[PDB]
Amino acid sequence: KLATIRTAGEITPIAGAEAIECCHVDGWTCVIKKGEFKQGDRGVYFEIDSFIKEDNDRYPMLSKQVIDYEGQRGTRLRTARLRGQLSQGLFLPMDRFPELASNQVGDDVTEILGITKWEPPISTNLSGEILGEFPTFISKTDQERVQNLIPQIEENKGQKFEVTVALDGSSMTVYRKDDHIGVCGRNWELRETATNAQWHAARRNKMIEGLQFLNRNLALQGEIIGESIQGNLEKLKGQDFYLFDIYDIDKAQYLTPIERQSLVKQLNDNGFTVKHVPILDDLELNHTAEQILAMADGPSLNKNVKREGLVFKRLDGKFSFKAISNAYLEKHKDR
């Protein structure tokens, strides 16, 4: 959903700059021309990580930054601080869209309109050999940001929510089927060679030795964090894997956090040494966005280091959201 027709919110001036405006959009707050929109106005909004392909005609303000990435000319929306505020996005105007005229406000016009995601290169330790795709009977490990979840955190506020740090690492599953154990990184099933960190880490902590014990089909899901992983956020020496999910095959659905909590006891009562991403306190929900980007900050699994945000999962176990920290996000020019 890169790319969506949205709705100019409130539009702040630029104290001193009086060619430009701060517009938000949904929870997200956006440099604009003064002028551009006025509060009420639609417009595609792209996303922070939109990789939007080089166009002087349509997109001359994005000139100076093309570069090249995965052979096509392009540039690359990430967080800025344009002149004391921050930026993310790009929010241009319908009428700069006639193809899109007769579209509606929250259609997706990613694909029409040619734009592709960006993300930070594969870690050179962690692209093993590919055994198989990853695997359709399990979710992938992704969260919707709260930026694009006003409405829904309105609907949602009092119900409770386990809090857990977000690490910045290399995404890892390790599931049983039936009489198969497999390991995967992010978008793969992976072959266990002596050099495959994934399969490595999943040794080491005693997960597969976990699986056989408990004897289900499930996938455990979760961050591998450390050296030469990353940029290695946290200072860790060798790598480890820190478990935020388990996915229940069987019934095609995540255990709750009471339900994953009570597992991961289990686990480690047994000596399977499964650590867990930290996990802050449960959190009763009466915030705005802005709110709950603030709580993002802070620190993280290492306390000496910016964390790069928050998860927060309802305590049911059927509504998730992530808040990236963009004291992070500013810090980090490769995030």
The other form holds:
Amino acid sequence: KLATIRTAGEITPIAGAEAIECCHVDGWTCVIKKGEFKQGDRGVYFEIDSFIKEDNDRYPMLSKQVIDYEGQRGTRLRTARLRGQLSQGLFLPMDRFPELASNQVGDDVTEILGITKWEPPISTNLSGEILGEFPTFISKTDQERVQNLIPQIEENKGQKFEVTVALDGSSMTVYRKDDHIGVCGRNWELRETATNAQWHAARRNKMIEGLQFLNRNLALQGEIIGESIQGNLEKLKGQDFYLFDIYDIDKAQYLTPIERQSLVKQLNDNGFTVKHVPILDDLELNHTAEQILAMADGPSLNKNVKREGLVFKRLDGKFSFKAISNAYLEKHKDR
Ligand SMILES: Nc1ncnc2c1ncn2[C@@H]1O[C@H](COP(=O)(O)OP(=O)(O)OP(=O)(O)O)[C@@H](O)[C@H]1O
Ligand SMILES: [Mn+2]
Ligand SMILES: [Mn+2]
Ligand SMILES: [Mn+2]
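After the form deposited without ligand ATP, can we look at the form deposited with ligand ATP bound?
And the full complex, kicking off with our chain again.
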């Protein structure tokens, strides 16, 4: 949902820059031209990671940022700082889009506006030979951002969440379905070869044997991190897998934080040395999105580096979200 119709929230002036002002859009804050919106006005909000194909009539404000990306000319939206003011996304009034004049607030207009997703380059050894599609009987590893979850954050006041450090690597799934055990990246099941990093990590921590021991239809989902993976923020030597979720294939449901933690303990008790993403204290939710984003900055798995952020998974395993550190996004312009 890169481009959606949203509502201008609080509009606050930026001291010393009378030509612009700060617009809150859900949990995001975004610099607009002074007077472009009033609180309550609707517009199209384009999230960071939007890639907006070149168009100086509709998008002249992006003109000097046009780059070549996957053979297209256009602009990547990313976190910026303007006059000391944090700015994320692009927010344009509805009258700039006459073809949306009878759409509704909340509508996803990504496809109609031709917006595509920008992503960092995938790391060398994490692209292997493809064996097949990512299994349709396993959920992929996505997380919604807290900035997009204002009402849900409200409903969940008092609920308890497992808090884990978000690790900056590549998503990796190792699973068992009856007589088949497979290793996947984010979007594909991979063939075992000598150079495949994901298979190597699954063999080295004995997690294939661990799945054979547990004898259940489970998908172990985690982050492979380390050297030549997204710049190796943790300064690891070699590479390693860090579990964050277990999907129950037979029940088509994630395991709860407590079910997952005890299964990981049994694996390690039996010699299967599967590591887990860092687990912090459980959080009783009673927070605004702004407050959640403030906890996002802090120590990573390597305590001497600042983390990508935090993932919150409710104790029933049925509601999860991610809070990315904005200091992290400011420091790492390649993501
Ligand atoms: N502790 C954690 N819990 C859950 N996921 C984690 C954790 N640490 C790292 N991750 C990664 O976070 C990803 C979900 O976050 P997010 O939706 O931001 O994904 P993404 O790869 O950044 O995609 P995009 O950039 O397109 O939104 C997962 O796919 C997983 O690889
Ligand atoms: Mn991204
Ligand atoms: Mn995502
Ligand atoms: Mn990531």
